[PDB]
Each structure stands twice: as structure tokens, then as C-alpha cells.
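Read off the chains here:
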Amino acid sequence: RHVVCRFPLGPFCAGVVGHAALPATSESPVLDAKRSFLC
Amino acid sequence: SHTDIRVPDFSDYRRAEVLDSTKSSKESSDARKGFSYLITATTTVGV
Amino acid sequence: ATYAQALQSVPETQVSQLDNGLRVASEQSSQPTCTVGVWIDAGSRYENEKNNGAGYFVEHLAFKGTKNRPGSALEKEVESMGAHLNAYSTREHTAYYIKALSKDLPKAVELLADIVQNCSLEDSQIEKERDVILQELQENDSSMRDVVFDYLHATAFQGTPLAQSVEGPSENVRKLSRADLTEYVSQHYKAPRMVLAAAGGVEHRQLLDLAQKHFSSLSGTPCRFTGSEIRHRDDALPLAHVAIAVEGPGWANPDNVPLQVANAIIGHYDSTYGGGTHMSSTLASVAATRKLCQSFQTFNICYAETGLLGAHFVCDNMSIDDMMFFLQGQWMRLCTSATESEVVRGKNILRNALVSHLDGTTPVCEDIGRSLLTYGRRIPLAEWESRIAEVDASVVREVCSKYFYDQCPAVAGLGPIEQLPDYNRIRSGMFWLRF
Amino acid sequence: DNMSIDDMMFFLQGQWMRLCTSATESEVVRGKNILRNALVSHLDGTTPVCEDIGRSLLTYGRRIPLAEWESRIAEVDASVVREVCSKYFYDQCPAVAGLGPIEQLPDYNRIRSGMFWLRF
Amino acid sequence: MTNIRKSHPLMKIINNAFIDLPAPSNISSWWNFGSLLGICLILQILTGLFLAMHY
Amino acid sequence: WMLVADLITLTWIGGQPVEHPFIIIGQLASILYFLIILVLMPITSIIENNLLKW
Amino acid sequence: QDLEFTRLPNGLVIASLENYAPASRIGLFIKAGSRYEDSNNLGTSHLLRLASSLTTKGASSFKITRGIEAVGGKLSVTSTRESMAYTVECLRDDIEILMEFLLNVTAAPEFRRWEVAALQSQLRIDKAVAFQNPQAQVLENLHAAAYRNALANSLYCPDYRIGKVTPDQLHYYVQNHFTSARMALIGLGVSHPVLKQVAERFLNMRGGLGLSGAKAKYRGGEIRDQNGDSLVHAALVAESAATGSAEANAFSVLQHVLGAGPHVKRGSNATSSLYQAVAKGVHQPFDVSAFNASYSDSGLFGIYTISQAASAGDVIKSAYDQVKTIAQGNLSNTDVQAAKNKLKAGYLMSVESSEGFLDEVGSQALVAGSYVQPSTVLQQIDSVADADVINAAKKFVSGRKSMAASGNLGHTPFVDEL
Amino acid sequence: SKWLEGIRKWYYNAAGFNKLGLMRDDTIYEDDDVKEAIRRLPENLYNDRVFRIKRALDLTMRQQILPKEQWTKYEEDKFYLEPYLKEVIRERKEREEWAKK
Amino acid sequence: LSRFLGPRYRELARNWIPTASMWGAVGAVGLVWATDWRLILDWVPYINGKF
Ligand code: HEM
Ligand code: HEM
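Residue numbers (PDB author numbering), protein chains in the order written: chain H, 38 to 76; chain D, 100 to 146; chain Z, 36 to 255, 266 to 480; chain X, 361 to 480; chain V, 1 to 55; chain S, 326 to 379; chain A, 36 to 453; chain E, 11 to 111; chain C, 2 to 52.
Please note that a few of the clues may not be correct.
[Unchecked claim] As a list, the in silico DSS-like pairs of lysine-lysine whose alpha-carbon atoms are at most 27 Å apart:
1. E/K110 - A/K98
2. A/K199 - Z/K111
3. E/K110 - A/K92
Because the hints were derived from the structure by calculation, they are not lab data.
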């Protein structure tokens, strides 16, 4: 395991949808999970 | 709040074939469009 | 190996039925991890106005506690195993699936059985989840896409259960009680209406025996599409969301494949797409060149006997009319003057989407459960490929004409939709005077 | 801005011609007070006062006292403003310099036409 | 405020057509015949209206 | 300019009576008008394009 | 079959696994990214990520886009401060055409001035879309504060450079960072000889071991953004370890002990120590997770907290106190074992998908030049001892802290106060 | 070649774009392909073209020709727009071929 | 004509030929109807009564 995807807390999974050119970027565990349950 | 809204009933204005909420409109679509377009075509013939 | 040989080599899905009627299906892919879940034929469409929000409420309280493992014991066990417990509720289906290592399949199946059958509903937990659900109903107004799609369902299926939203009205959420939630669970969480599906390292015999061990102790109207529009105009909202649809075939109808090919032909677009002007889809090319649309997508939502077929586009206040014109023009061109090459491109796109989605143990389990509920069978990829191959330009034109030409649309709007064409103009766009 | 040059030129030349033809006492009073305050404020501090002394000696041959400035300003009336503005601003060929996105800047014939009023 | 020539509708049309229309600076005298044609049309209309009062 | 001269010739011929000298001139002039407009002008433009190396 | 790992003489790793699946995915992993950038050429990586569909010597932009759509395939560029990956996915039959397109994109880019100028606008749109989630801004500022150089560079073009990225800079980036020794070609669903043939056909020309950036230096600073959002997003991090070290595995185990991303939907994260520790003190809505980012030369570990503006300081201090608790030796063997189980399951689930397997194989090939089977990685994970986790917690507590917070900073603490 | 070159030079001098200081590509009809080619031109070349065209238009306004020393020579006339126009036409042809089938 | 010589355009012509023929018939009937073309109308049975 030699990638920022190894840390799955959410590597900023900030990719944008596309077809024939979809650019994606990732950083590292980003939190933002399970706070969405409450406003 | 978007969930709260429910479309007001239009049964008073609805055509007889589509009055029921339990039947598909696909069966009656041709009949309804046929009535309206028959009105239109006869009007155009007179014109 | 050719693509057809790879399709033939795909492992088969094995379906078995317990005495209670629960259908156990599994696909063994020889992977360290597996996904197991229970897909239940329950949802909003089976709920009356009194109990519209019951299913979402039960899904909220599903993992909160169970009688056998009270409170967080279920969560603690699942987390200690390393598994992920997830659930989704839709108008027609509700699912609870656990992602876990293949070795942990027995405990995962036991937990799923506990959640489905022996789910305690403590009034305190019910009140807490009621607070949570009301706060989420407040939050969900932010998601313009969900709001517009709920509007589309409300207007398209007005007067029918399918119009009802999954979350349910706030009043029902406030007035729901433990008794009615338990009644909903009893009425709809029945063994004949549930499917146990697993994909990964599971062995069908092991899954079947575990289901016998745990799931054995269990019990042994077509909607009307109305051509109508809902317009909520809020100029403050930065962008306008519009969803337009016509009635589509249900799950069973074979026409779904050609319609999906046509929707692939129409395509999808977003401002961050990199193709831009050179994108194959004419509507996408026009949107990119003219900057008409921030995002645009075609959907083929299908229910048991009816479905919604159309597109959803996000536009600026001044671009709604042109985008509507171009989208309806694409539909009409498909109805009238579809061509072989674009049909081939759509068929390839549909094949790629079908194959890519099934990649993943969780998508495979989702497909197994939802197909068993919707079709009664798991359609092999080879059958999908054959049906896709049968589609041609004539078939696409015939299907689009059947479902698109001179058909009353269902339209929903949100935001600065002042330039959204009047329903008469939109309807007139659905037919061509030249044709 | 690139697209506002013509309107600004129209309004500026209109103000010039309005002062030349139909100037009024109240605005004349406002201008006289503005000039008085500018003169008094500028001649504050050793640097401005010394600059004024040197430049006045070089140019006027004498440092005009503030009292003389005030008297000359008081003499000014709407009639005097109209006469002088007509002498220097009306039907007189202007000199124009433009830099940047100046395509909307009116052609010299149009600018010169703006220097006179057909009504007057 | 606004200039009436640029803001009034009829004056706006007239200004765009013949007062502020961006015209090439190298158009020759062969570009004067068309306006001569419009003048001829107007002259024909007036002279004919006066002739038809007696015809 | 050949076309303009041809149009002048056509006017002169149309004025003149139909007879031996005028009839042939009118026929050739009409042929030349259509030929100049349809055939000669485009081929000459192509030749000019080649000459300019365009 | 089994993965075939080969290092060509030029230095290009080609790895192929035949899963006999209907869809074939091929991805070229290049050791180029925000890290390999300097002040003058900041933002080049972003435009390179957005420039996949631009004209190349082999094919026009029209040809690339239209053909890839015609076969139904997809071309995507996934960027990481240290790596940039071009992945083409399509059916097994049409893989060769997309491979030709991909190699044309990577090895023969013609950054025509007009096309590059057109793409400049897309940078702002992409950054706006990415920053809609505040955690992206928080993480970019966190990396800026943590490191003086290299990894500090953002994954998104700086605003002052949005329209000033030049085609010459893109050519220089490609030439000096898109080199054979910095590339790995990983393909799922394709034969090894075909991949070798393609790699020889296109990638051979570029020489390996191109320009190498400076080693990251730890700034240990704080970047604070007051944007007025109701929720304060803050991250407190310290330099933990480089990827592939045993200390890195210990830090991952610590991340899972403190609590990684949630497991049960609408769950309370009961097993997570940080969530319970914060909940005991804060009864308003909150979110706390352990942040672990491992990079070739350095790594960052810390706590990421989303909280209401008034209670942000309480949440941050409580999570830090829980980490201190772990550092002082109050770590149970059962909790460590549960963290190990969660880590192993996470690795297996990550490699479950085709995209996950491709990314993992490429990352291993680039970082280490070899492929490690999942069993060995699990054995490494279980090799970690509880004392090592405690020592990693000690390293976090003692080490200099770099913090980035966004929102109504208000009562949010400063690094010195922490 | 010499005979063709001589006739081409005769045509070049017979046409007057040299007399006005214009180069051959300055005189091309601005169709959509030519418009895109101009849009793609480097800034220096675009500005040089703009000034040459403006000077030619001013000269024609006064019905004057540039001094004979300043006439553009046949040898030194540079076809700046031709490569960009060729690329544009190639792209259009590729798009049309894709549309055909 | 160079651009519109391809397999797709031939397919496009086939798709629209039925519509073009129908519109042509509409023009033919309208012309005969409007002009009362006795040549064509004599064949038609009921309209033949006019003459
Ligand atoms: C009653 C008859 C006509 C009137 C009053 C008329 C009027 C005009 C006027 C005022 C202009 C603009 C001024 C100019 O370009 O010189 C113009 C331009 C033009 N007219 Fe006419 N015209 C008439 C007949 C015709 C005919 C018979 C033709 C061709 C067979 C024609 C073709 C043109 C063209 C091509 C232009 C544009 C010239 C340019 O852009 O330089 N017109 N017309
Ligand atoms: C471009 C516009 C017009 C043209 C080119 C035109 C042309 C002519 C010509 C060539 C004649 C024969 C003159 C003669 O044989 O002595 C004539 C006669 C006449 N036209 Fe027009 N005409 C135009 C417009 C009008 C209009 C607008 C009117 C009335 C409003 C009009 C009314 C007459 C009358 C009354 C005559 C009889 C004059 C006579 O018998 O000497 N014409 N026209």
C-alpha cells in the first residue's frame, strides 16, 4: 500500500464527472463523513 | 419542505378516461389526442 | 480472448428459494472480500398517505438497535469485524447490505437477519431518529437535483402512490409512532418479498445453509402518468434545475434496451467535461460551444409498470429555452432520422456502462437483489449483449416514436425558471411539423 | 470603459456648452466657493506656500495676495462665466488624446460638432 | 441621463442606420449609387403621386 | 469589362431591327454573356488562384 | 492468471493481469504532480490534467474525443501531489485504439497555443467545483502550511496563474517529468506482450530519470481562513512517516484506532475513540476523523474536525487529548487488533474494484518498483505492535504541529494554544 | 519552373496588393476557415496584418499607392496565414468525413 | 455536394423519402383542389359530379 488512496477516510475524492476527458484529484482523509446526518 | 407540497387535485378538469388514478394513460392517449386533432383538422378543412 | 468469450466466462448467479419464500442468490468471484445484503420489495409506492415516511424511518432505526444486540452492539460488532453496514431506501426497493471479508459471511448473514426481522424500535430511539429525519428534510431542500426529481415524480404520478416521496411529508414524520412503524415492518418485510444476495468469495451452499439457519423463522395497482408541470420559481437560486420526462417502459418491457441506447445517443454533459465542442453528442456539443448548460443528463428511471424517461439540465436564467429546444430536437431527430453509426456508438456506450457498473462486489450484489425483485431473474451479461446487438437504427426510431413523439411531457422547474417555455410550447416541441 | 467613451464625451461637451450658453447664478456661487476653498487649502504648509511664492514670482511677477484672489473671485458672475466660457470653449477646435480601447471615441469631426449647439 | 438619439426607439433605429453606422473609410463613389437609388425611389414616388392626381 | 461591353452591345442590338447583321451579333452576344458569367469567369479565377500560389 | 511485472531496460514498468473480464483498463502512472513544480511554473500539473483531450501529433482532439466515444471508452487523468495517472477503459476488443490514443496523449503532446488558451478557463471552473467541498480548501492550506516546498504546492492552479500557464511550460513539464524511469504501464485485461509492444512503440523515446524536485521540508505553520461558514473545518497534523516504512503502517493502525471514516450509515462511530471522546464533551453536531497522508519523502498525521463555530475549540482539544491518551500508553490490545482488522479489510476492499487494483498496482510500481501481493501487505499490517502505535502517537504529540482551519474561526484555537 | 515563376511574378505585379504594401494572405476573403486561421495567428503577425490592412485602406481612401521602393517584393512576400488555414481546412475536412460515415 | 456524399446521408435520404413523398402528394392534391383541375378530378368519383 503506497498511495494516498490507502487512507480511505476519503482522500478528498474531488474528481469531476466527465466522458473522454474526466480529470480527478485526491489528497488524503478529508473527514466530512457522518457530519451530514445533522445539518 | 419540498416533500410537503402535493400537487392539487385536478379531477374536476380531468377528462373522463384519465379520471381514474388506477389506469394507465397509454391506452387513452391516442383517443384523447385523436379527439383534439380531429377538432383541429375539421377546423382547418372548413378554413 | 474475445469480448464474447469473456462474457461467456462470467460466473453464473445461482438462485435458490427457502420454504418461507426468501430467495437466496449468490455469485462466487473468488475474491477475499464479499458483499451480502437483503433487498426487500418495500418502499414509498407501497405506502399510503398516512404512513408515507414509514420506510425511511425504519431504515433510520435499522442499525440503531436490535433486540438480540441492543443499541451499539451491532455497530460495534460490525466495526470490529471491519465490515461496512449500509442501507438505501427507494420508492420501490429497500436494501441493507454489509461489506465484509469472505471469512465473516456467517456473522454478516446473522446480523442482516437480525436487522430484517428482530429489529427493536425503542420509543426513545424513534424520537431521536425523528429529530434527525426532520433536520434532514430541512437539509434536503439544498439538493436541487433531488428536489426537482421529487417534483417530477409528484407531477408525473399525481394521485398515485409513486408520486409520494421516500422521506415522506414532515407531518407524517412528526406523527409517526412505533405502532405504525412496526405494522409497516410486519406488512412489507415478509420473506416472499425479500431477496438475500451475495457476491464475492461466498459459496452458494454456505449462503443457503446460513439463510436456513437464520432466515427460516419468517412468514411464509398500475399508476397513471399525467402530463403536467410543476414550477417553483425562486430567482435568488443561482442556477435553474429543469427535469422533463415522458412515461417509459417498466422493468419488464424489452423496449428498455433500445431506449437506453437512444439515451446514450443523447448523452450527458457537465461544465467540467473535457470533450467540449468535439463531443459526439450534438446537444453536448451545442451546450459546450454556446455554454448553454452547466450540466445535462438523460435518465431512464423505470418502475414495475411505468417509468420516467427524459433529461435533467442545469442552466442559467437566460439559457433554459434554447436548452429545451435542443433537447427536444435531439429526441425528435432520434424519433425521425436516427442513423446506424450513432446507434452503434450508443450500443457500445450501453455495453461499457453495463460491464463497468457490474464491476465491484457491492454493485454485483445490488444487481442480483434488484434484478431478482424487478425481473425475477439475474439477466446474464450475454443476454444483455444479444439484446443490445438486436437494436438498430429502425428499432431506435420505432421505440423513440412510440415513447416520445406527440407524447405529453412531465416538466419540473426550480430556480430562475422564468424563461422555461410554457407547457403548450414544450408540448408542441414534442412533435415536428416537418415530419 | 471601452463602451462608455462616447457618452462621457457627450456629457462633458454638453456641460461645456451649457456653461457657455445658459449658466446660472447658483452654480456660479458654488464654483466660486470651491475655488476659494481650494486656494486657501492649497496654500497651507511651508512647502505649498514657498512653491506658491516662487512660482507666482516667476509667472505673475508678484505673489497675488489671497485678498486679491478673493476680490477677483467675487467679481465673477454668471454673465462673466458665460462670456469667458463662450470665448474659450464655444466653436473652438479641441485637442484630443486617446489611449487604450478608444475605438468608441468619437471622430474629430463629431467632437468638433459637439463644441457648438445648433439650438444656440 | 441618456442621449435621445441613442435611447429613443425610432431615434435609436435611425442613428444605427445612418448616423453612427460603422462605414468603411475607403468606400468609393460607386458606393454612392445605392443612396442615389433610394433618392430616385422617393423622387419617383412623389412625382408619381402628383401625376396621379391628374391621371 | 468584356461583360459590360457585351451588355451595351445587347442593348444596341435590341434597339436595332432584326436583320442579317444584327441577328448574328445578338446571338453571339447572348452566348458571350452567359459564357462570361458561368464558365470563363470561374475558370479565370481558378487560374488566378494557381498563379498566386493560393 | 497472475500479475506479470517487468522492468524494461529504459526503466518503464509494465504490469499486466488477465482477469478474463469483459472490460479492459490500462493506465499509465507517471511520477509527476504538484510536488514536481516550482514557484515559476505553479499550476502546470492542473492544466496537464485538463489537457488530455487536446491535439497530439498522432491524433487531433476531434479524433481523440470522437473515437474514444465511438468505442464507448473513457480517458481520465487522476492527479496526486506525487503522481499523475492516465487511465483508459473500454471493452476488451477496442483496447488497442484507446492505447494508441493514450500513448499519443502522454508521449506526443502538441500544446497548440489556441487550444491551451481555451483550456485556461476550465481551470477556474474545476477549482470552483472542487472547492465547493470545504475540506479541499482546508487540505490545500494544510499542505501549504505543513511543508515549505514540494508537497506544499496545491493540486489546483493558483489563481494568479489561472490564465498565465504557457504552452512552453507544459512542454517543459512533459519533457522533464514524463520520462520512462518515472512511468509505469499497468493494464488489467490485456496480455503482457501487447503492453510491451505499445510501450516500446511510444514511450521509448523519452529518457528516464528526469528532473527531480527537492525533498519536502516541514514548515510547521498555521494557515487560517475566515469564510463565515457555520461549520469550522480544521486539521491539526504533524510529520509522521514516509510511505512504505514500518512507522507508516504504525501510523495507519493509529489512524484506525483513533477512528477512520465511518462504517455504519447514520452511525455514532462508537468504536472510534475520537468520536466518543469528543461526544463526551460536545453535545452539538460534530465530526472528527484521523488524518493520515503518506508521501514518498514525508507523511502527515493528525485530526480533522468539522464542528460548529462556537464549539470548534472544544472538539479540537478533546480529539487532541484522546490522541495524548493513546500516546501516554492507554491503548488496549483488543482495540489495536480491531484497528488491524479494519485496515486489512480496507485494503482488500480498495483492491476489490478494477480501478482500485489498477491504482494500487501503479502506485506500488512507481513508489517501490515492485508488486506486493495483498497477503504480504496484510502480514505487514499484523506485524505492527501496540508499542509502535503508542510511539507513533507520541511522535504526533511531541512533534511540531501544522494547522489549517476554515470557517468562522472565532473561538477556533491557535497552534500555540493547542 | 522559371517560366512558371516568371508568369507568376507577372501576375503578382499586375495585381496591386504589392503596391499598397499588402501581402498575398492579407487579401484573402475572410470566410469562416480564414476567420479561425486569423484567430489562431500569433499576436505579432496579427498586429502586422492589421496595420498593413489599415494602411492599404487609408491609401485607397485617398486613391494613392505606396512609393515604389516600399512595394512588397514577390520574393519577400511571406504566406503567414497559409499553414494555419491549411490546418483549419484539414480539421474541417476530418469533421466532414466523420459526418459522412 | 462533396460533403453530402456518404453512407449517413444516403440513410438520411431513405428516412425522409416517405415524408417527402407524402408532402408531395399533399401539394398534388392541393393544386388539383385549388385549381379544380378537371383532368385529374374527372377520375375521382364523387368530385366528378361537379362537371
Ligand atoms: C430600387 C433599387 C435599389 C435601391 C434603392 C438600392 C439601394 C441600396 C443602397 C442605399 C445601398 C447602400 C449604399 C451602397 O452600398 O452604395 C445598397 C447596397 C447594395 N445593393 Fe442595392 N439598391 C437597389 C437595387 C439593387 C440591385 C438591382 C442589386 C443587384 C442586382 C443590388 C445589390 C446591392 C448590393 C450587393 C449592395 C451592397 C454593396 C456593398 O456592400 O458595397 N441593389 N443598395
Ligand atoms: C421607381 C418608381 C417608378 C418608375 C421607375 C416609374 C416609371 C415610369 C415611366 C418610365 C413612365 C413613362 C413616362 C412617359 O412615358 O413619359 C411612367 C409614367 C407614369 N407613372 Fe411611373 N414610375 C415609378 C413610380 C410611379 C409612382 C409612385 C406613381 C404614382 C404614385 C407613378 C405614376 C405614373 C404616372 C401618372 C405616369 C404617367 C406620366 C405620363 O404619361 O407622362 N409612377 N412611370
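So, going through the hints one by one against the coordinates:
1. Distance hint between E/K110 and A/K98 is fulfilled; the C-alpha atoms sit about 15 Å from each other, no more than 27 Å.
2. Only pairs whose Cα atoms come within 27 Å are accepted, and A/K199 paired with Z/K111 is rejected, the gap being roughly 53 Å.
3. Distance hint between E/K110 and A/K92 is fulfilled; the C-alpha atoms sit about 24 Å from each other, no more than 27 Å.
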